[PDB]
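Below, in structure tokens: the form deposited without the named molecule, a single chain.
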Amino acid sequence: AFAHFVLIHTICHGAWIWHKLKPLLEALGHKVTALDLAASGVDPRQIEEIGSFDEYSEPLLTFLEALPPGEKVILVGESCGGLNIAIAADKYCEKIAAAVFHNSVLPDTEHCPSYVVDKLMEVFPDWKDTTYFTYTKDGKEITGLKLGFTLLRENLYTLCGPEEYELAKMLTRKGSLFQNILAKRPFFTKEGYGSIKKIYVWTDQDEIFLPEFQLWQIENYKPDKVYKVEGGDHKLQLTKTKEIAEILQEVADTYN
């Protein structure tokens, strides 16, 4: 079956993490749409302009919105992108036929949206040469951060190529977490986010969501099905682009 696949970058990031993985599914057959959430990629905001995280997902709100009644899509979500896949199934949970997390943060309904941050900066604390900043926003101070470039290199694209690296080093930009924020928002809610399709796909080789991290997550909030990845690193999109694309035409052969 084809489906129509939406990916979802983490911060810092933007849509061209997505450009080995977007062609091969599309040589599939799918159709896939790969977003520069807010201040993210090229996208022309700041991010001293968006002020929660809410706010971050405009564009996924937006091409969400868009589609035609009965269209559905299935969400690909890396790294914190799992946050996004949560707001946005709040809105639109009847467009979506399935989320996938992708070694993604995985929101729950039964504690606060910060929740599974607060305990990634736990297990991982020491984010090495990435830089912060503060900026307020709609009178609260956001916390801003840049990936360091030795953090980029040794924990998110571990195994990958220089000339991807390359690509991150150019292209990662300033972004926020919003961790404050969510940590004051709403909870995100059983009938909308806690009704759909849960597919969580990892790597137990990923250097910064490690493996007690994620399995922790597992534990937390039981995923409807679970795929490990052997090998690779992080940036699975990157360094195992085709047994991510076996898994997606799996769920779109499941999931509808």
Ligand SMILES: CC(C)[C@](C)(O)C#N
Contents of the next structure:
There are 2 protein chains.
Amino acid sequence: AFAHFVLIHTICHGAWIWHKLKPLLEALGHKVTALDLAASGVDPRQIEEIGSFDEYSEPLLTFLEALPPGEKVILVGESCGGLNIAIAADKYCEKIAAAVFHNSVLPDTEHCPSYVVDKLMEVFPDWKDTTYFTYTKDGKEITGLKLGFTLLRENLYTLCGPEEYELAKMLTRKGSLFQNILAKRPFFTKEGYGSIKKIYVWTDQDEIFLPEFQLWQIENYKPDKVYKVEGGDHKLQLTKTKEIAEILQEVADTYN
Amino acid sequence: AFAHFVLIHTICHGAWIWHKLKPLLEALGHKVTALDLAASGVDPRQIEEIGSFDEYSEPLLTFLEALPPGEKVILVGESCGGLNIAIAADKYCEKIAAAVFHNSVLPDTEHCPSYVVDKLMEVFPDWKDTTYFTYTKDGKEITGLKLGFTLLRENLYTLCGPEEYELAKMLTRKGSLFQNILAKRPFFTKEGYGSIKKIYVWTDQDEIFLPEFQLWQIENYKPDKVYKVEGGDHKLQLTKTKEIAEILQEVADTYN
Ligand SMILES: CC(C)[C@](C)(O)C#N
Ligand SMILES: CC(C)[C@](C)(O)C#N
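Having seen the form deposited without the named molecule, I'd like the form deposited with the named molecule bound now, please.
Next comes the full complex, this chain leading.
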């Protein structure tokens, strides 16, 4: 079967991270939409203009709003993209056939929205050469960050070639986890986000979202299905593109 | 010998086009700077804020200005980048060891700055699915454009793989040739731009900067050296990356 996949990049990244996976999925006959979230990729906004993870998710929400009645999509989020999925699901659950998490945070409905992010910071506290700054938006102090090049090289693009790593150094932008904003955000709902089918994809060779963290997430909020990809790194859509496409095809053949 | 190469992308593109060549040059021991020109790549400005090719060249001029006395660089410009080179050379000729043109326009000093662009439009009048728009800046009506995806696929990235082509569809932005502005711009000088060493690199398999045009440019303004790369396409830094690096190494060993 064919599906319409909506690929969602992580913070400090953009649609470009999916440049290898998108054409492969299309070669299988699928429709693919790779969005640039707010102040990401070539989006015209700067991070200082964004005050929450919800605002950051605007392009995704706007896209879903534009889907004609009856049309459903399979959301695929990497790393922090799981949060955009949760936000989107609480507004357009009926338009989501399923959500695939790609070495991604997996929010739940029993704890605050920042719950898994707080846990992530405990498991991976040292972001190496990453730099930080603060800005104010809507009366709140937000911590912005720019991923360090060493962190990118050693923990995120561990096995990616020099040409993919180069794209990251050239294209990654300042962003934010909006951690303190998520902490005060209303909980994700059981009726919306809680109702969608969730497929968790990961590799135990991820050098940032460590096994301890991902296995902790799986136990915390049981996914409907779990796929473990052998080898690769945090950026499976670059290092195990074929494997990811195969998994997504099976998801398309399972949920609609 | 080692040199400091400053790679200059063409309109509607960004530093990202050099993601394959940059690491290869560094692997040879060179220092490489790949800039995003105004309203290009991840630059925060939008094209409607730019009123001339000179303004568009701001990041390059600012970079050269920051070079300490005595430090020289080898400029490498692709496609329309030759115009940024001419503009830069008339302000910082002493900081330029040489300029390499990569399937690029080659301005001269005998005719108006838009001369070769006007000729290009005669040789390649049909830009296929490219779209156009107009905006006003500093009292002048400027024609903006967004490269069509079919034009990108068939004429610019003719032999590039689907993954490189995908990056182009995701990252190319609205831009402008500022043709009418160039037409009224003071001529490039013989003392500045005219004095720099110019190396012309091209392939007769370029599907947009056709042989008729490139050979016309070579006859119009004699380069100091000409390198013809066999095969490849308009984006030699992607399809003949190794060959381009070899040529640049020889240039580094020839001019300083
Ligand atoms: C490093 C991690 C938090 C990110 C930016 O989401 C990725 N990849
Ligand atoms: C199509 C051509 C004018 C451009 C944008 O410079 C390239 N490549």
